[PDB]
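To begin, one chain is listed below as structure tokens, in the form solved without the partner chain.
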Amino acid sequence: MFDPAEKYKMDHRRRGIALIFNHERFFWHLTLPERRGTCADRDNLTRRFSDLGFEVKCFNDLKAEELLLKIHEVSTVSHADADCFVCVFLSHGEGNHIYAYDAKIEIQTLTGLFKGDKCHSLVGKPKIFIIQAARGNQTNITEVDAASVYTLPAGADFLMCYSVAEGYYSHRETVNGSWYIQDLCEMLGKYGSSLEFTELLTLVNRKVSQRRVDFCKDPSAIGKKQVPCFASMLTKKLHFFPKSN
């Protein structure tokens, strides 16, 4: 009795945790620009994910050691009573690395912690990573970075979500925050509870691609489009229906 309309079970006592690593400054000797606007993203996400029933936990400007500890901590805690896990990175990145305050971190190792091997509590449950990261270029101005981070998948039941794809460009308003996050959170607010999540992520792909970049106050920032992607290795439909309590 193989079922095509089959959903992940989102009926556990609690929804689960949403981690937000939020990097705005970096160690001088990396020569990486302030991400002015990232707090907008952090707060906006914190709201939308709280409203979907996540225990949200933000961490501003962790060093590597500090970060790996917090995320290892979370992997080893029991998620037995939780629907799913979410993790979000607002930073800079190159290839398969995210930037902590002090140095870069292999994404593989962070996702590697929730691989069913290493985190039994989350085997068979969706593990969403959302990554607003790009190459730091050097009232409310729009700053624009080149795509830099590889749009890798992880393992089974992981959904990797990316602000921008290879070739394209990533925009952040210094007050309103990243385009990706603005539009993501708009969709979460409107449709989070009703829509299948990938269906929604596709709405975000539309919303962001459709942002016009022809008439721009910077001459050199003209014709730099943004197209986000996502790499689903999910095996079922994913809905965030209101939990009864």
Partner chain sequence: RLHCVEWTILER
Second form
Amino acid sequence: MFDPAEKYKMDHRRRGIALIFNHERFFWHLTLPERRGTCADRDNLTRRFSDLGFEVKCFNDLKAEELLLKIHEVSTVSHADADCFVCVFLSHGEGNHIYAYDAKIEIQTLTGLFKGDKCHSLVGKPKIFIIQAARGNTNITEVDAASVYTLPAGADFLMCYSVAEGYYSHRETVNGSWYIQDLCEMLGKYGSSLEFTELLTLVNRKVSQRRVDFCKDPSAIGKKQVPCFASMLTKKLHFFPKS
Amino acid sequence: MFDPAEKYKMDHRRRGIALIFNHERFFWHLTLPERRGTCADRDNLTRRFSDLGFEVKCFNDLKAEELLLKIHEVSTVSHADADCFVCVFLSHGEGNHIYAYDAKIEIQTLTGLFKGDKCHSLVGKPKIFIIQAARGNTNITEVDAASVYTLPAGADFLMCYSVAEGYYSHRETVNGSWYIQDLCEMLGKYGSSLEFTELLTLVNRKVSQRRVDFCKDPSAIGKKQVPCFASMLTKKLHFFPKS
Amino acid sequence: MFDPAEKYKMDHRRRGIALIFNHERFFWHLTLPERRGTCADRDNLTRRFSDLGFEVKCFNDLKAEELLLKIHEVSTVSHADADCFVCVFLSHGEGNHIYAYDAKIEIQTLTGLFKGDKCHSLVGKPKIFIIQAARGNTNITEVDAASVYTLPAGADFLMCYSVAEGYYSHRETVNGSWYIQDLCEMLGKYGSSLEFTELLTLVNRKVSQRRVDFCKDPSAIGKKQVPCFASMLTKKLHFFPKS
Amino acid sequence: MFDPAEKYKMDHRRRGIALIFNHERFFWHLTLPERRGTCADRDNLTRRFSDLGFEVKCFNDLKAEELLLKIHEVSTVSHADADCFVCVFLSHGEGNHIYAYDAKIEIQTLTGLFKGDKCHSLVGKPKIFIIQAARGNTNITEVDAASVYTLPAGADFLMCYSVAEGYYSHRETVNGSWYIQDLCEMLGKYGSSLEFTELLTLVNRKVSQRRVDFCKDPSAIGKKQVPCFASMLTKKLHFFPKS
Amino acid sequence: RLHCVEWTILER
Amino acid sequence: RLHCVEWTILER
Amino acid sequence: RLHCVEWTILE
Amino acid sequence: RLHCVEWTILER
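Alright, leaving the form solved without the partner chain aside, put up the form deposited with the partner chain bound.
Below is the whole assembly, all chains and molecules, this chain first.
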């Protein structure tokens, strides 16, 4: 009956959609600081996923209303001829909440639009969410404390988190987030050959190895960054080049 | 100087210690139901980890302070001699807490004992926590709603969860828990060959594919179980047999 | 210098405004049960406060939007020629929040509007909030459990609550809430004479004496109701007849 | 029929016990600052309650365990021939917790011992808890932020708090706490005449009108202190002298 | 002015 | 199907 | 060594 | 009787 070698069927005519929600600045009253260098993160991801065959859709500084409307559409479109779905969040976050330009949205509400009864054409297919979200405090490295609860979402969901609780996220104003940089480098070199979770495990090593004990910003000597992923996948996942 | 297939050195003379905390009944005032079939899980886990070379250490129904006291010891002895460390929790739980016989213990204070600074001799070595814990209400299948937050803890930590939020855990009174049963079956067959996260992925599928029979219980139709795991590991993890 | 007989100056040409936000039903998705009998409460309060000299302003099932606008208006108008302010909330509530028709408001943002900084014309004047709010489940007695934190609001703030934690609020579908009935009966008989906190103490006794021993609804036998008030008043408070 | 002037029968042969728990220093592991001046408060309260006929019992820097045993003893001894019960807490506190020398206790745990069912000799009798407690940071004035929730306790309970949320508590190293000083002065002059809640309202005014020099502190200019009290009393409370 | 601090989307 | 779950009041 | 950080009373 | 609801592990 059972096959340990079993793998997600990745031979559909399309790879699928890669949503990216990029947030650089926010509503004044939120008093959330600018996330300079997020554009670098956004464009790095856009192409790496394009090279993997994704139809990338970027949205910049959307308001909670536009974002929910847009992400509800993507979820209501047919994904039958797609391998999988990808959704990326670059913003500030807290506990169970991510920030859109002007308000906050529960992450579960977002992920929840793609679970089995709500999105039939994705049932059995990998649903991958990548979250670069933390708490607000010439290339400068900024340090944010972990804020967003690193939970799972459901069957065949793969939740990828830039940083784990008790650790610190890093973003350079020109180069971009440590997590996104390393993830993209790995996606570039091993995306088309490595099983995705093993590629994510690489990113874990690379980011946790980025030294933080000899800075030029004395306010962050010791603040290690260690990412994590919560997997609910049930099969091996490869992004082999499509024929 | 970068290896995409780098592995944890499982070279050491010993595999390491496998700690198992089995909780069957509880303090009258906690008003928590018995967990019949947990001993079957305990024994199943005992055999499979021994076969993988672990020095299995079981404790039944230890009180909070007994448990704390015991785990604290295991964190303050040398593991420099070993490949890794395993800790299993079989009890009730809620949010960030797990239940010892008479009191709640914060998971984070349990894993924290084994972090890189409090336990030098496990620095760089896989620290694996396996948690079968939920909220309570011949062979009977009991159904419990997910309660324990599926969180991660630290670098080179691997948190394995029997069930994620919105799903239900199952325990047969004679054969034990679905999660445990399935995990132990994968260990028996593939434990000494497969990369450990890939194996847990197998467990994800095996459990998620478990249905019931409409007549065994009227109140358990469509209460599916989807386990998950939060990886903080930085390399590949195999349990090839030691010489 | 110091006079224990000191009293709030109640000789302004107007007694002041008594705001009543009445709430019977709620937006479907909040799944909040109807509060039949709340109208009997609203009209009961409208008379007793009118007879005391207040300009009563009732509002029914306002959406959070309208409610905030309305209460913000009242807070921005001059109260220089008023003795005091009264605000009454008849709705469901939870923790630090109350429910408008469609959403939830933090009670502190509601009281905060009338604080010294935000409302100079009410400085040194009594600000009384009356809250009949709890958690939802022919004349029928319904029994809700206490859900709203009975906290004070600030200097010269008098916060009055229908029920305290560990106790149950009651409302009759025809005669109204136990709290509002008793409060209105004491207002009618003693409002124009008794010091207000001593009248409130009467309501405490009356409500706490209402028998829950021989119920037609034996679900609610022994579910006692005890009100309370948190006082940050600095002077005696009388509503003697004006002129 | 019904007495708007009705009062607690204070003609029992004894007034009752006054329980004072004094805490000036703490277990090193709690990292809680000393409370210089708390002894001045203890001594002040002691004499003011003795003069009101109370049998005062002071306990200094007890540990959670001894404190609980000791208050459980007072809760289980007969108060049948007593007028009421007074318990005072001088220490650090946070949210719902007060601190004993080595651990925190829930206020509800302390108050719960004297509720109708658990204490029978005190039923229908005024139970008064006075709490000077806040967050830790020649005569000196120290400023601590409000930290202890100001909640009620049950029928015939009077909960008195030194400071309300958003305000700051003050304690002089020699004279003692602003709240305690002002309370003891009011007790001395009006204690055996005025209705106790109205006497607390006096204390509200006296403390709320206090100021620092702004000549000895630049780091406390504008931090006002306003106490409060949560009443669930059901009658008038007086301490007229006894025969 | 008014501001919703949190938005969700419902499935009517 | 859009829905605010909490409103607050602001100034400028 | 071990230390309770919060005590209560049962029964 | 007395009951600990939370235990910590001391440093000294």
